[PDB]
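> Each chain, written out:
Number of protein chains: 2
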Amino acid sequence: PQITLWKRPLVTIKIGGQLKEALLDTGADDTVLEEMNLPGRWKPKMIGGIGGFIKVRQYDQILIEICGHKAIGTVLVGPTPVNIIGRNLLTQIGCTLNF
Amino acid sequence: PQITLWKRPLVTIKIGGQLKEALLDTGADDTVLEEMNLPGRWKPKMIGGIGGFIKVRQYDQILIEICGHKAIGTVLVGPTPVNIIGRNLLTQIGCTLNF
Ligand SMILES: CCOP(=O)(COc1ccc(C[C@H](NC(=O)O[C@H]2CO[C@H]3OCC[C@H]32)[C@H](O)CN(C[C@@H](C)CC)S(=O)(=O)c2ccc(OC)cc2)cc1)OCC
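Sequence lines, in order, name chains A and B.
Using PDB author numbering, you'd call the opening residue of the first sequence number 1 and step up by one each time.
Using PDB author numbering, you'd call the opening residue of the second sequence number 1 and step up by one each time.
Isolated chain A, as found in the complex:
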């Protein structure tokens, strides 16, 4: 689809068999989701944002369906203010910016 930006670009995602709302975020290198239970092993990681760094759990090769489009990639889980879909997954679904 084509998504305008008058409102936040929120979409429904499916991860770990659960539906959630997430923000399509071209300013994010990586995908960061709010605290959640995901199966498989994970590595502690740190990522920095506008207000400093947070500790996240890194899950690799995780399936996630974004607005009907499948992706398999790295998902960071931690105390983010909102679920954000970053460029590592936006590229997988073929998302571009156009003006």
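Any given hint could turn out to be false.
Label pairs and their calculated CB-CB ranges [what the hints assert, rightly or not]:
no., chain 1, residue 1, chain 2, residue 2, range
1, A, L63, B, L19, 39 to 47 Å
2, B, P79, A, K55, 17 to 25 Å
3, B, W6, A, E65, 16 to 24 Å
4, B, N37, A, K7, 28 to 36 Å
5, A, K14, B, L63, 37 to 45 Å
6, B, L10, A, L63, 28 to 36 Å
7, A, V82, B, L10, 21 to 29 Å
It should be emphasised that the hints constitute simulated quantities derived from the structure, not laboratory data.
Quick reminder that beta carbons are idealized off the backbone N, C-alpha and C, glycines included.
Using the hints, position chain B with the ligand against chain A.
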């Protein structure tokens, strides 16, 4: 034009007679620019993201040119690592997400 998301979507902007590089950020409600001594009145504000909140100076009705497309709106100035073009200006240049 169309911008893929393999790399950060960095473009040249023009503000107050000055060229700068800025990130087209669909995840940013507002526009946040590196410390700059813009003229005129302003209002203190705090914006939050990953890591917490930062203090910024809100300037209103500021003209910015983004890839030859003009836009006028609120700009937040503060200690941000990168110039961030948010939805308040992206809408004015006709920017959409497409997949
Ligand atoms: C050289 C030093 O760089 P640093 O690492 C940090 O540099 C960056 C800092 C921020 C960004 C942009 C933000 N991206 C981000 O957080 O992405 C994380 C995950 O993926 C990584 O990739 C880049 C960073 C990591 C995001 O797009 C937009 N944000 C809101 C999101 C969170 C939804 C609520 S918001 O900016 O906070 C913001 C809030 C309110 C506003 O208006 C009211 C306007 C903007 C990109 C690079 O330094 C560490 C101290």
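> Sort out which numbered hints this structure fails and list those numbers smallest first.
none
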